[PDB]
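Engineer: Listed below, chain by chain, are the residues.
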Amino acid sequence: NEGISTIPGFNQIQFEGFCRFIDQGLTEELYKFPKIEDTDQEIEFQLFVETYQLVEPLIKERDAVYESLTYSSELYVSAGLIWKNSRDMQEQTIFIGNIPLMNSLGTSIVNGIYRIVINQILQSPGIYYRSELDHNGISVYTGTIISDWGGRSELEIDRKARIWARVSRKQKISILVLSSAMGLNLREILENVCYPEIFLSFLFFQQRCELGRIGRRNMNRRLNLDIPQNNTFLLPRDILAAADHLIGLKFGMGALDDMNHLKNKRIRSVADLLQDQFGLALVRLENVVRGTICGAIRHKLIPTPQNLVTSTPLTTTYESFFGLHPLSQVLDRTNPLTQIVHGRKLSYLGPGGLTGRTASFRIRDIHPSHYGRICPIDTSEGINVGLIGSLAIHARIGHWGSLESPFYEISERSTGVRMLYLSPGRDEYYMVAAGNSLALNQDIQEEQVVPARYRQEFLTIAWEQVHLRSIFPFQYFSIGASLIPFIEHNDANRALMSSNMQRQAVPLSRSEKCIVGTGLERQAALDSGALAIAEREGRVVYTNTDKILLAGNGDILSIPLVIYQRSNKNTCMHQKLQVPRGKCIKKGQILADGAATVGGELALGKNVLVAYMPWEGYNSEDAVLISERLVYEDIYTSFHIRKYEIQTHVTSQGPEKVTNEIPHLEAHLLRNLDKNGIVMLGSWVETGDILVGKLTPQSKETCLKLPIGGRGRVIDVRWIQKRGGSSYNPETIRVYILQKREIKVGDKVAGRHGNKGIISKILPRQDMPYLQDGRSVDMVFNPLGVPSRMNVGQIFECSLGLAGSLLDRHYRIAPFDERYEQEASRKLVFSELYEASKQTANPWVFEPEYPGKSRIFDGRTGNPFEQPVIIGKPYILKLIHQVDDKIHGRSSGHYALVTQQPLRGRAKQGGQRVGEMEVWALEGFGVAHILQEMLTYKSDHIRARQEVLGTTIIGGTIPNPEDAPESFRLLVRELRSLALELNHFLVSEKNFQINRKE
Amino acid sequence: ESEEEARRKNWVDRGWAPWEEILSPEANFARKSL
Amino acid sequence: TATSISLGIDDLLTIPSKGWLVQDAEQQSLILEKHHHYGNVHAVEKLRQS
Amino acid sequence: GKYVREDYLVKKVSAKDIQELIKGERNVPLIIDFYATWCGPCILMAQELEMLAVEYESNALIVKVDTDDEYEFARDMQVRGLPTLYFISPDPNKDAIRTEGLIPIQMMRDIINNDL
Amino acid sequence: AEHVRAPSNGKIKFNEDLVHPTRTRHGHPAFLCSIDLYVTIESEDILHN
DNA sequence: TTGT
DNA sequence: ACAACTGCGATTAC
RNA sequence: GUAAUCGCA
Ligand SMILES: [Zn+2]
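Residue numbers (the authors' numbering), protein chains in the order written: chain A, 6 to 208, 251 to 745, 770 to 1069; chain B, 72 to 105; chain C, 51 to 100; chain D, 63 to 178; chain E, 349 to 397.
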């Protein structure tokens, strides 16, 4: 009913999954709970499943995220306990536990953390019929039956009939024996099966037969069976049929099954995981009920139903699931695009799925079945390549667990038009043509030829024979790839790089829309969740920075805005009002604009003038030369907020005490602290200052200091008293600093077309090359990247952007504009440039001799360059990786307790690692002393290291260490714990004496 | 079984008959050359 | 830096005989498809030829 | 409709409903809109009617009639084409105003304020 | 498998008795060649062999 | 898994 | 039974 | 101090 005439919601998948869960999965799980009766009198407690009612959360989301509490709902079910002596059943409602609730965006709040549930792709239960060719002889044919639990009832055939099951570890097993054990009398078996001559010539249980509803259906499909859907059990007729098909495969009457086909796979959504978690929680609850009944019998007391049930199992189960499950990950909130793209991921790796190493090559390639249902250019780069992928824009999840795609039906009928979400297996038996119909050759139009898809193949057929047509432009891609303008002119390899780099953008202090776009930024910003959308019609009577008042139908609703908040990836979140006071807004329109969004469209970068030429080497490899205008005009300024927290953990000996007056500290510090041991709001701090001062008696000084690189204003501090832990808990003090970061040498910039670079010099505007207009270019890029990485759409974008800037237009172009004609992008770009040149009379914009190229001058000398250069205004983004974060340096500070090597990590102030591939290079160069120094006194030799500082301060020569490092000594100790000795035992060549080194 | 018995069974049960195939020159050349 | 080489849209020059070649190739492909529908050639010959 | 607000505020009335509304007494101006799912221009007219209904919460009544469901009634109302709007005044002596084609929202506001 | 291409537009003249008829792998008819032959592309101004 |  | 790139950095969970 | 997960080149 929805998504067949417009782009569906990006978060509709999680929405419908959570809805189906709450609708049916809770009741289905509550139905299967057993009747607790563990006694001689058989005192029985029961839960009335019909009286299942969830309750609204006691706290709001804005309070859960603030107080680090979970956002859940209360499950109340009426229960009846029939006592043995009372001979009656008292009925009361019990609080089983809390069930987490999902937001409209798909995210859940557990312990104050935003977490998303990534979907998993698992093979569907069924019969599979693979084959394998033997080294010598005929090819072996095998049929595997897959169960919901994961049972494998294999069947094999040798050169003879030899219908042997591979269930047993032994050589083989008799299929006739299995059929006789099933119930067959050895006569009806041969009577029912086809080709009975072959069968007659040849002369644990619950989990294998636990076929799902899906399993039943599939079994019926492959092996024609009329077994009702309800009977989801491995019937012997199914086995008989399986055998029949297997023998038939030997004579050529069969078709093997492709296990990479989607129709053979199921998708597990948040509902499937929540249902299993609820079942496990119910099992734990039944165990706890049995235990408390056993205890009440020991204490000679018949208790009320409330006394039996405790709220622990449900809460602890859901908490452990959200905390430790491999398919529950924290939401990435670097930019609004990440929030939406995170919930569309489909993963092969997971609990019950292929591990990175396990996955065969075949698993990781596109299968023709993935067309329109999965993204063919969005994967995870690394060892898990081809195992983590996204979900198509127009896809939906089906009733049977299969992803479905929208296909138009061009076949003539009563309606003559349909949009059907065909499942993966069904679209194979259809002629799907993605081409247009704008061709006439003096014959009827239906006689024209067009490429089409049939039986997982490509072929050319007449328009009379095509049943389906793929009209939607964004049907075969995902949100990440669809945001790439002119994607047809870019290589498929660079598309993945561009999709990955769009995810890294940092929201800037100011936002500007893109001149050239694909038109998906609107719905992206709509479904991102960082936008204020009204839920009621009315008028905006009052406008304020903190809140917005919307008066409608005699009711006033207040919407709270976000003012300089902090995301999970240290990126600022802020919202600004868009609508003025006194205008009407419908239910759905935009009230305010969040970060990285202006005018309701996603805006992850800026539009700057760009020239493609080499400049004095500053552009070698990939490197960008940028002007100072981007610096002193705050074009790429961004705000980053980092949090630091230390809990006041109360030890058994003494609790921690927070005092401002702490001795043994210099007077230059502690200025920011208040009367209480905490920094004040609005205080500028730097590296090595004290944020929270604690006496820590148990006295000492476990304080909070700033690390290297932390220089920002203290925006807010929170004193968080922790409760609900069944006992007094430590208070938490969270400080927040805001670091304004400008664009600097070493920062990464990127373009939507896969172009990435690192700034190398900030030249002034006077030295920058200027156009014939007189304006200096903002950035200069290397023109040799285009033939290397094969990105041609960037040129188009630059030019169209120049044209737009001059004519004050914004172009939202759907991909694959060459379906209309040939060189449609080129025609559009050249036409818009000419118009700009005519309207604003700048002849330079369109040069008839070389369209799209102009001749610029040098800022230094003032002489024109020989060849023309490309001048445009592309959309450049600033990436999260920044130099400040990557800078690091260690002299001699801290060591590991056991290894005694220097520590790891930039935050921990640790050195760099000399691996085996570097020791090899050092040995090849022949630098023995450098290797020895690095392996002993710069790393592990405690005495030598202690002496190094003294020798360097005094200035004396550092002697060569002769003792063994701590790593070797450790080995000796370990090996001798393993009862193995190790002695150096050096022998002097002078006097032939053995000397042990300890 | 034998080709004669199989052809007789086809003629009797399945309705086989050696109907004349009026081929084009290219079709006849393809049938003869292959 | 002095010469300032650059690459543009019109700078990607195709050989002046791509259109004729692609046109005759697709014409032969269509003729072969028509004759395959007639029965003069079989599938493997069409695949090899294309 | 207490928890979730309705997305669309204009209701599809039948011909008998319009006859009863015209026959009865009204204290607010009435606006009748004939539409058809098929006409393209009507997609825009509906958006402007939604905006007008939001701007006039309870000071005017806005209803829509589908020409496909009531063709004879629309023909009897002398409706030439689809983007047609009927402006019924509250006082029953004044004359109704019929507008055809896409008209600006400010024109509708001025008509409702002055003509009706 | 090198493919010989016509140097210019013109008529092809050769003696068909030396070549043997055969069927190409593409289903097309062709002449098999087993001995050195000379074919002439007869154009407006020049002849090619 | 894949092969040793 | 054994092994299947090198390192780095970030987060949360124990 | 160890895991899980993602990213980086
Ligand atoms: Zn294009």
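Hints are computed from structural coordinates only; laboratory data are not their basis. The beta-carbon is built from N, C-alpha and C at its ideal position, and this holds for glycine as well. Possibly wrong hints are sitting among the right ones.
Pairwise CB distance ranges (calculated) [said to hold, decoys possible]: (1) A:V70 x D:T161: 33 to 43 Å; (2) C:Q99 x B:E75: 32 to 42 Å; (3) E:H368 x A:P201: 53 to 63 Å; (4) A:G301 x D:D131: 50 to 60 Å; (5) C:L63 x D:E162: 38 to 48 Å; (6) E:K359 x B:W90: 41 to 51 Å.
Straight-line alpha carbon distances no greater than 20 Å define the calculated SDA-like cross-link-like pairs of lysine to any residue that follow [to be verified]: (7) A:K633 x D:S120; (8) A:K634 x D:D172; (9) C:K68 x A:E894; (10) D:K73 x A:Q694; (11) A:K815 x A:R805; (12) A:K634 x D:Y70; (13) A:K165 x A:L208; (14) A:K633 x D:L106; (15) C:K84 x A:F505; (16) A:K310 x A:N540; (17) A:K722 x A:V678; (18) A:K633 x D:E110; (19) D:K64 x A:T402; (20) A:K616 x A:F505; (21) D:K64 x A:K392; (22) C:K84 x E:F379; (23) A:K175 x A:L189; (24) A:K175 x A:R268; (25) A:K634 x D:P154; (26) B:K103 x E:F379.
Engineer: For every hint, state whether the structure bears it out.
Structural biologist: Hint-by-hint comparison with the structure:
1. A beta carbon spacing of about 52 Å between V70 (chain A) and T161 (chain D) contradicts the range 33 to 43 Å that was offered as a hint.
2. Look at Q99 (chain C) against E75 (chain B): about 40 Å separates their beta carbons, and that is inside 32 to 42 Å.
3. A hinted range of 53 to 63 Å for the beta carbons of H368 (chain E) and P201 (chain A) is consistent with their spacing of about 56 Å.
4. Judged by the Cβ atoms, the range 50 to 60 Å given for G301 (chain A) and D131 (chain D) holds: they are separated by roughly 56 Å.
5. Checking the proposed 38 to 48 Å range against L63 (chain C) and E162 (chain D) shows it is violated: the Cβ atoms sit about 57 Å from each other.
6. One distance hint, 41 to 51 Å for the beta-carbon pair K359 (chain E) and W90 (chain B), holds here, with the actual separation near 44 Å.
7. For the proposed pair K633 (chain A) and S120 (chain D), the alpha carbon gap of about 16 Å is at most 20 Å, so the pair holds.
8. A hinted pair counts as satisfied when its Cα atoms are at most 20 Å apart, and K634 (chain A) with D172 (chain D) does not qualify at roughly 25 Å.
9. The suggested pairing of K68 (chain C) with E894 (chain A) holds, with an alpha-carbon distance near 15 Å, which does not exceed 20 Å.
10. Of the pairs offered as hints, the one joining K73 (chain D) and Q694 (chain A) is violated, with about 59 Å between alpha carbons and a cut-off of 20 Å exceeded.
11. Among the hinted pairs, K815 (chain A) with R805 (chain A) is inconsistent with the structure: their alpha-carbon atoms are about 30 Å apart, more than 20 Å.
12. A threshold of 20 Å between alpha carbons decides the hint, and for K634 (chain A) with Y70 (chain D) the separation of about 9 Å falls inside it, so the pair holds.
13. The hinted pair formed by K165 (chain A) and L208 (chain A) meets the criterion: a straight-line CA distance of about 11 Å does not exceed 20 Å.
14. This hinted pair checks out: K633 (chain A) and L106 (chain D) have alpha carbons roughly 15 Å apart, not beyond 20 Å.
15. Of the supplied pair hints, the one linking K84 (chain C) and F505 (chain A) holds, its CA atoms being roughly 17 Å apart against a limit of 20 Å.
16. With a CA separation close to 28 Å, the supplied pair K310 (chain A) and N540 (chain A) exceeds the 20 Å bound.
17. With a C-alpha separation of about 40 Å, the suggested pair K722 (chain A) and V678 (chain A) falls outside the 20 Å cut-off, and the hint is violated.
18. Among the hinted pairs, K633 (chain A) with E110 (chain D) is consistent with the structure: their alpha-carbon atoms are about 11 Å apart, no more than 20 Å.
19. Between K64 (chain D) and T402 (chain A) the alpha-carbon distance is near 49 Å, which puts this suggested pair outside the 20 Å criterion.
20. Between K616 (chain A) and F505 (chain A) the CA atoms are separated by roughly 45 Å; this puts the pair beyond 20 Å, and the hint is violated.
21. Between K64 (chain D) and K392 (chain A) the CA atoms are separated by roughly 35 Å; this puts the pair beyond 20 Å, and the hint is violated.
22. Annotation: proposed proximity of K84 (chain C) to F379 (chain E) is violated, straight-line Cα distance about 23 Å (limit 20 Å).
23. A C-alpha spacing of about 24 Å is found between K175 (chain A) and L189 (chain A), which places the hinted pair above 20 Å, so the restraint is violated.
24. Simply put, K175 (chain A) and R268 (chain A) have alpha-carbon atoms about 31 Å apart, too far for the 20 Å limit, and the pair is violated.
25. Using a Cα cut-off of 20 Å, the hinted pair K634 (chain A) and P154 (chain D) is violated, with the two alpha carbons roughly 34 Å apart.
26. Distance restraint check for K103 (chain B) and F379 (chain E): the Cα-Cα separation of roughly 17 Å lies within the 20 Å cut-off, and the hinted pair is therefore satisfied.
Hint compliance for this structure: hints 1, 5, 8, 10, 11, 16, 17, 19, 20, 21, 22, 23, 24 and 25 are not met, and every other hint is.
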